[PDB]
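Take a look at this single chain in structure tokens; it is the form deposited without the ligand.
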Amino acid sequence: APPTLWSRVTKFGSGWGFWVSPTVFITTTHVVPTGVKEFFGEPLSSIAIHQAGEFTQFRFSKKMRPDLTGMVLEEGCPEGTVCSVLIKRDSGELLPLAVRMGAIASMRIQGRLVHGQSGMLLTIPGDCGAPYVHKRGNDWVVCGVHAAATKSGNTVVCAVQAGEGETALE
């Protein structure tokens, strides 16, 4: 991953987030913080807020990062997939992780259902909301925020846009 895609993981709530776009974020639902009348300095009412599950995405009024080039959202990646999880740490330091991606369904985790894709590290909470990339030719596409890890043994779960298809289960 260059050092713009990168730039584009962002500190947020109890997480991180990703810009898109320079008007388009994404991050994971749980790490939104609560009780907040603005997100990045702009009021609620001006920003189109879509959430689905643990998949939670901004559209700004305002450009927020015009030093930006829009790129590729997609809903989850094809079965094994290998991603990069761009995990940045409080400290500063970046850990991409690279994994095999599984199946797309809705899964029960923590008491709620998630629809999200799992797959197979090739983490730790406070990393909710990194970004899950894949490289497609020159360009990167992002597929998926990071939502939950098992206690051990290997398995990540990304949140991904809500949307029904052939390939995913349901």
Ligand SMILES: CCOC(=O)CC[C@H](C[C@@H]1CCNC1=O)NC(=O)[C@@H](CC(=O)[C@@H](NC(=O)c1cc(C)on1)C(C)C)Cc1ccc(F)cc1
Given for the second form:
2 protein chains.
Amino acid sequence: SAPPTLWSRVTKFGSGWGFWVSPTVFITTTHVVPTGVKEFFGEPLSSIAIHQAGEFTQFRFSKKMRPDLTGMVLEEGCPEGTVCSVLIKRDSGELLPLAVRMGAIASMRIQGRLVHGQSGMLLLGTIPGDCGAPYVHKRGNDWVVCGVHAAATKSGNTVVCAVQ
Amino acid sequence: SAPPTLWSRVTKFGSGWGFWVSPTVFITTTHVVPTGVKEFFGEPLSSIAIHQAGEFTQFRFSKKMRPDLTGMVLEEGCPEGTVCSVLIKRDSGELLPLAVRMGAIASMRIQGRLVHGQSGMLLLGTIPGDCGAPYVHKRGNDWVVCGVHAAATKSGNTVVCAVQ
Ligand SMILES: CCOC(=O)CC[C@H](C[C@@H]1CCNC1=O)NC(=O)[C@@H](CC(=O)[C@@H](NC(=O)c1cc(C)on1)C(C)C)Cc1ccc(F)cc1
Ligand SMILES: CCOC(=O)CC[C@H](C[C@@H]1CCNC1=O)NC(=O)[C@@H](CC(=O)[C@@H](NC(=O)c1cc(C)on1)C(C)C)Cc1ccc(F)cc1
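Return the form deposited with the ligand bound of this protein as a structure block, the form deposited without the ligand having already been given.
The complete assembly is shown below, putting the previous chain first.
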């Protein structure tokens, strides 16, 4: 089970969620980012370092936004067969950790866009507001984040996280 | 260390917090409850059974609001000497559990009103926005909630939870 502090990194953002990797680094999927705004979390966009590609968006703020957190390891996906937890927060406050057996890392075309992602099989599914939720796993003594929720098939049995 | 599901019961409400004891029962303190609203969590006030006893307020909703939750043990305070955790969330999303060594249950005047509460000694103090946070402890294998945060002395050393 993921520690409470790890869940506390999952933050409402735009039309979904994002995740604090460190006091200054926030990750989410590109579709949930709000547009037509001049600030994120009260910080002007010109003050934020941004890397956005393949449906993965990373922000690095110029001040400590979550000084309570330790910077954790972000990896580009995980080994095939890893069982990740998708840390889904629902608007009720429910915490819904979904177990996913991860498959291949690949570039895919989803609704006409290039996603650099990893597919996995859900072990009762994700919904539109869940985009941005982190995929995490425990390696030895440390938690690792390796993607953010981006898509699922119509049946709902398969999910895709964007990776960086 | 409280599990994530226990933290997920801590819910922003009014000027502070409240706590889901069960899918239908929500507790908070009287001073946190907002006036001039027509709804709580989308439910009209007239559809909720609201019980106020001194500084303790409980809502019983007529629909399942948190059907993910099991109903837990709500006790009228705890044994003297128990070290509780007060499950405080701060505005950033930071989790700030505070340890409190509990003292006596009593009827005490706080700002002119006789409150049924349990005092304790904090072991980085509490702030106005923390009212309604739950006082919890683990008894054997089960977590127990025994009050909600209501007050603190000017010095900050003594806290009071309202009990029912
Ligand atoms: C701002 C709008 O976007 C959002 O709402 C983000 C939240 C939802 C979450 C989905 C929503 C439902 N269940 C879920 O888990 N995501 C999407 O809708 C994505 C599309 C799908 O999930 C589709 N899946 C595939 O095409 C698909 C193909 C494969 C493989 O896996 N999924 C449909 C389920 C809509 C949006 C998207 C489009 C192009 C991309 F580059 C990347 C993403
Ligand atoms: C609208 C106000 O609502 C709120 O903000 C609720 C949150 C704060 C949290 C305090 C705020 C600061 N640090 C804290 O932890 N609570 C209070 O302010 C309470 C008053 C006190 O804390 C006072 N304490 C005592 O009198 C007192 C006596 C003993 C014993 O312990 N505390 C003062 C700290 C203001 C409000 C109250 C009044 C009459 C009652 F029936 C019962 C409660």
